[PDB]
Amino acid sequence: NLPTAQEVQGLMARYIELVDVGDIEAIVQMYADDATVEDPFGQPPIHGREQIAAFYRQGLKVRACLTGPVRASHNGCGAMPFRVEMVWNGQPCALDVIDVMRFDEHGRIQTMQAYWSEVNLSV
């Protein structure tokens, strides 16, 4: 069903758990089959599970953690602040990001937008 505010908080927290462990197959399954992803926002979106799996496989030694609570509305939308830590060519860096997600009538991510740019990178 369309996730309630409480369900949206749980789903988005799970998403960060999956990104942290790096379970690409579990991440891809959270998305609707025809979902779109705009990461970083401003860049053209990728559509469908195939392109989404490719995107995550490429992106994922990475650890992610929520840096604040998940803000959720009553219409299946949520926004959350988090940090991603990686090692860019020997040198370890961090990225502060805010994801905005809209879930569908089935509890799957219909659309995801990630807000960040170089101003949010620490290398």
Contents of the next structure:
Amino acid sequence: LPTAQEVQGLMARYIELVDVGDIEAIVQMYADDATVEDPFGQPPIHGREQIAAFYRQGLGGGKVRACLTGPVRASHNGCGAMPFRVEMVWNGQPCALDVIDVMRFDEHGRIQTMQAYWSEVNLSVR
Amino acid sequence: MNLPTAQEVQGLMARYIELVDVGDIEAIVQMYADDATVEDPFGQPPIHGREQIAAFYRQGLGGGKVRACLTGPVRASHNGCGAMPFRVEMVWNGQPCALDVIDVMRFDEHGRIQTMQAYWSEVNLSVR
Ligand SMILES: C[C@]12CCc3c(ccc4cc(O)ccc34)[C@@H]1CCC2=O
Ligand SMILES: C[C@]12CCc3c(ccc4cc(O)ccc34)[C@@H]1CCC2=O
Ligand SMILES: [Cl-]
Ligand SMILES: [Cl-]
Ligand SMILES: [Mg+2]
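Let's see the other form, the form deposited with ligand EQU bound, since the form solved without ligand EQU is already up.
Whole complex next, starting from this chain.
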């Protein structure tokens, strides 16, 4: 499994890819059988095509920005958690969303699970 | 209460940090379900039940002064879970150090913590 230092680098790279909006590069970071729960509480998304569709829908228009708001926390069993802020426009209202992602990596450094914690209580109008 | 709403999760998890900061072990243990599990750090074997959880917090908080504070908002779901970023300050080698942590908590139908997972390792420890 990736080391704690490697998890920090992978999760930071993921945020960099979200921020520039490269959907294909993001999808490549996921394992074949990965699941995404975003927001956590909703049914998982499974499969490369469906994960790509989710990022295409979320990031498609451009105008999404994302940045870490504190350090990546990493374990020694290939998992980590990170806090970040997403900036977007929701029907002409510029908004920000505070999120924590929890990720579990496989032995190849790919994302096996992703769980995103947020709800409407984490939304703010700018 | 019942299963906490997202707003209630934010309040419960913020209170937990206040109780860590002041070091009220009994009040912390009362927030946990009787059969709760703690994984701290995540990756180590779970701790089961209030007796073992009390012992863990008394070992961690019972000695030198520990301070804890949120470093950003609590993220909450609609299914009784949340995640929060915070910083713990304590002493190591006679000097102050800081540890950055993210806890993930799942609450039960009575508003008590059923599982807690704490994400951190030595890469999150800092000094000077
Ligand atoms: C999908 C989304 C944009 C990106 C995004 C959101 C929420 C959680 C995320 C978690 C991620 O790891 C990456 C991107 C998002 C927003 C919710 C509403 C929206 O437009
Ligand atoms: C135990 C501890 C103080 C408190 C604490 C630590 C780590 C994770 C935590 C998670 C919590 O939800 C509450 C308290 C801690 C530190 C690790 C070493 C130390 O001194
Ligand atoms: Cl932080
Ligand atoms: Cl934050
Ligand atoms: Mg019960």
